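One chain comes next, on its own, written out as structure tokens in the form deposited without the ligand.
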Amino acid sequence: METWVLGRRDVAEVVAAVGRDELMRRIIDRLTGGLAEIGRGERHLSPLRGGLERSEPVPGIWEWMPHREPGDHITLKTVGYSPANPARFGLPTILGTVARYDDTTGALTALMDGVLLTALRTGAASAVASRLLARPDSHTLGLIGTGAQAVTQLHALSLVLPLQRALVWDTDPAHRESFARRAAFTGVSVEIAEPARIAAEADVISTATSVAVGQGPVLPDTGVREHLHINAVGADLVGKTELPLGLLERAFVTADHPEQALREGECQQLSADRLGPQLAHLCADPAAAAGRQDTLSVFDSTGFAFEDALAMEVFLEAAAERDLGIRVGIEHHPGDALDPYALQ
């Protein structure tokens, strides 16, 4: 037995061969079906993730997220949020890896990059929610925060909605000015616009910012379109929120993971009895979303491990089909199972 390692090159080759659009569509479709299975009680929500706060160079967190498929495998994503990474080190804010363990033996069976996978499934989740809750003729996307997640927010939403333009804002002028180049492949025209203009004109908004704890909101409490749908994607430290309380109190709010969102999502601001049905329920039974496209709605997205396990399965199917990756004997399996020093 050896661990199947998909390095950065192998992940790059899967995306290159399949294409960004088709790979995102596969993950959207797998996520939709998997969420529906949770909604029907055929699968379980993942347990609450855990994490470690880091104060330097700016406040961040490092988190672990398990998900078990009983009798088959266990997935663990480890992921850091380090929002000084881009300016200070040229590294992405979100840095992680995803591992798979055999449920019968405990053995580490596969290990892959989590940077691209995280961005893909985070965009995909917003696309699943926005298909349910945004107007199907939505034309104008608003983006607050134009870093890494904003790229796959725009990409995923452009595959499920007839987006013609994106109005975008970032507190860093360099980051908002560079977004049009990073977005060009989608064909969606990009225009920089202040948050009040985005609130007024967008049919759908994604907020995906590295705003600090207690420094929200990133979208002002002002006039929005009657049918606005917001993907609240930003999430890291307890106490970090992006939306104004007044808007949230007026909205139909669905969380990807209610217990997690009450701790780390926009639902931190809400009484727990104010939550709409969770996304998995909407996927299994759309009665709860019926009519909500035409009124204010918020998808409170925190991310949970089942989404990473599903996206990893999409990558592993593609990689297995193409015999990609390497095999590394990492775990020591002594020829005598009862002798740790039998370095066989």
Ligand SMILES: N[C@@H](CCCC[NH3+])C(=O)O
Given for the second form:
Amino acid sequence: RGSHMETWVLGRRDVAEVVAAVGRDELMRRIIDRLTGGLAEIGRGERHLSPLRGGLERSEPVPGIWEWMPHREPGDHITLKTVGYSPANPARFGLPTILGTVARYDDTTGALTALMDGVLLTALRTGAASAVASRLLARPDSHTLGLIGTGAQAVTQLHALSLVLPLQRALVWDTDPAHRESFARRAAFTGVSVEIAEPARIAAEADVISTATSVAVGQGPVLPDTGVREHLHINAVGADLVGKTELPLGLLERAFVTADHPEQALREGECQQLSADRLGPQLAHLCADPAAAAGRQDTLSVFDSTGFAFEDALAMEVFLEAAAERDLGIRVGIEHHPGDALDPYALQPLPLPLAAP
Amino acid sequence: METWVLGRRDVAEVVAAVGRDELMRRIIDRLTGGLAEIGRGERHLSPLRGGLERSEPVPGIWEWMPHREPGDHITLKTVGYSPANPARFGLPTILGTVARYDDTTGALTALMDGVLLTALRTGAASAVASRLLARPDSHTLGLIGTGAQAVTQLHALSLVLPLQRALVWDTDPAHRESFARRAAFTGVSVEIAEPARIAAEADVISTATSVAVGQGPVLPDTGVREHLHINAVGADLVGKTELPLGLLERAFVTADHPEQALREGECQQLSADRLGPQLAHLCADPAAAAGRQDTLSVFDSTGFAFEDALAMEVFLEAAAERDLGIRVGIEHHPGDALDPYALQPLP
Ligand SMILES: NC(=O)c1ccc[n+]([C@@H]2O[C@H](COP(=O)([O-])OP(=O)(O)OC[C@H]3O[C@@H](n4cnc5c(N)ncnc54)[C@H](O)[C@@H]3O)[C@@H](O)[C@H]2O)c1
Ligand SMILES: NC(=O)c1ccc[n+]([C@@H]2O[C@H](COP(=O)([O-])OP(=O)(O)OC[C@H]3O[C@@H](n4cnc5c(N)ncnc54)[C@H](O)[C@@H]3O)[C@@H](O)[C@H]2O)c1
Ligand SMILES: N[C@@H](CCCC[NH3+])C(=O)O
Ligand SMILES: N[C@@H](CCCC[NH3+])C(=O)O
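Starting from the form deposited without the ligand shown above, please give the structure in the form deposited with the ligand bound.
Following is the full complex, with the preceding chain placed first.
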């Protein structure tokens, strides 16, 4: 742990190479497996939920939030995801709405040991979480997926869920016609047929639904309370600003609701709409004991998804394992570790030339 | 767009090209101007920092410190306090990094060392406060704690006050005995002296210790020169203080960040209504300080992220001028913003 040590940086090209080498399906399966196992450890009391995430809300050019998401594994390392939600990014800047990075700090010394992209990782672990929850709460013969919001998360929602359920078709809606019209192309690699459908038809026909929209505060719901199939399972994934919800209260009030992180869901999930005592067991509890969801595949269920840093730490480990196996990334001395630990000015600039000019 | 990364080597090169005094002055100047802007209501204090307490190896904390300049950028310092680092690992107790994110898009635009930058802006803040609240003819500086921050407390204060000597103490004999050579570059003579003597002879003191919660105080509850000014710089865990209560309770106290001070500063010992005007208020109206040079004063320093934003800008200006640093594509920006898998080209 001496001063010599440096930070392992995985850039955009290294993350691409992991995907190419491992393959999209297998990478996602790995992340599903890792999350499943980690959530079960939480459910058994072996590990703790992450502290509540925090952020700085920004009103322009459309309201969004930039957040910090710490998770400590005592004695090992601290993970921090720094992540923005800026829902004008695609149309104004050609950038994703969700832009972030994930860092690892040594628990013992506090040294920054690794840093990587958070955009891909976030999309993957968020799809994976919906898959963990849906494998438990959706009918195992579910064939039709509904998606409300067909932006970036929708892509990994469909992908992840196609890996745990025998999906054959997706019925999809977005309030931006261009975004719903491009979804078939973005979704084609999954082999799942895509059709555009209005929310009322999605509600009526889907076996499982994911909502993942940039709906503004107080502008929900995004799925009307219009008649749904009895066994419907919904992943409510949209999460950013306090005040943002996507599901109608009438539906939520008659569902079995599992939150990823109950205290956080009550603040910024659909559980904003509910009292604490109406919540079913949390996702970690279901992972430790799937029968705590007994019977809930045949009745209305909702997985309230907010995202928490433990999920990022687990996904990051999957990337760092595959990247280490292929020798990827670079090492950069970012942090100053002075030769004399008590002398901040003990720096080492490049030596000066000796020869006469 | 890619992230501009300034590592230890680039930071060393800034110091070598600009020089230590000049770099410190720039930071003093930027902070003085920034704090005065806060004091006029043109800018605002950072939100309260947060952290994760760590019990081992000895109690420490790893913290996150955000600051937003709306429409411009967001700064985040991530910083550990791990006071076994020097002796166990040869690492500084304070280890961190500073990142900048575009406010509009969220994108990570710059990343740099936080170790040097922390020590500089922390010295600078004491200099800002001391120029206001110490006697202008102050000749004797006292330092309690002679580790990393002491070096920049001395340097910064030597630039703003006519200091002739530093009386110093550390509970680790090796740490006090090495201080004269770490300080030599400042031209201020160093003498090792016990806390009772430092308390009684200093014109200005900075306390900057890794004292544990429940340990200390680091000066005795004694009589002091009437005009004594103290910078209380140690700050880490909730619970941690350095000064005796009887000294604090008869001082005029200014905090860098009053809410933060009340939680993790000397002001943890005081009720909220005993804090006086904050540092930014004095910076915008130096006349409010001028009567308090001749009676006991304390600057309660915790550090806040605005200071890190300002110091980082100084470094980025100097680095751009010499085109230092590298560019790394860290964040994935997919060719289609709505397609996370659009990673093309595959390697
Ligand atoms: N739960 C988690 O772990 C997690 C993680 C990542 C992102 N998120 C959240 O998922 C949501 C979507 O993120 P993204 O990366 O897909 O954003 P995106 O901008 O790529 O896609 C969101 C889409 O929602 C559409 N939309 C807005 N209002 C709508 C409405 N009323 N009905 C239908 N569609 C609507 C937009 O037109 C856009 O296509 C955000 O709230 C984001 O913060 C959650
Ligand atoms: N802005 C701020 O106010 C700010 C910024 C950086 C660091 N700090 C804080 O300043 C303190 C010191 O940081 P550092 O980087 O110099 O750490 P360091 O470990 O380099 O030096 C601390 C020194 O304090 C000494 N010490 C411990 N207990 C003492 C006692 N009772 N009396 C005298 N000396 C004692 C130690 O032996 C050590 O040499 C920490 O609390 C740190 O978190 C505050
Ligand atoms: N400003 C709020 C945001 C909470 C997180 C919202 N997803 C906070 O820091 O507490
Ligand atoms: N655990 C506390 C620590 C505050 C920072 C102390 N200097 C928090 O997150 O609020």
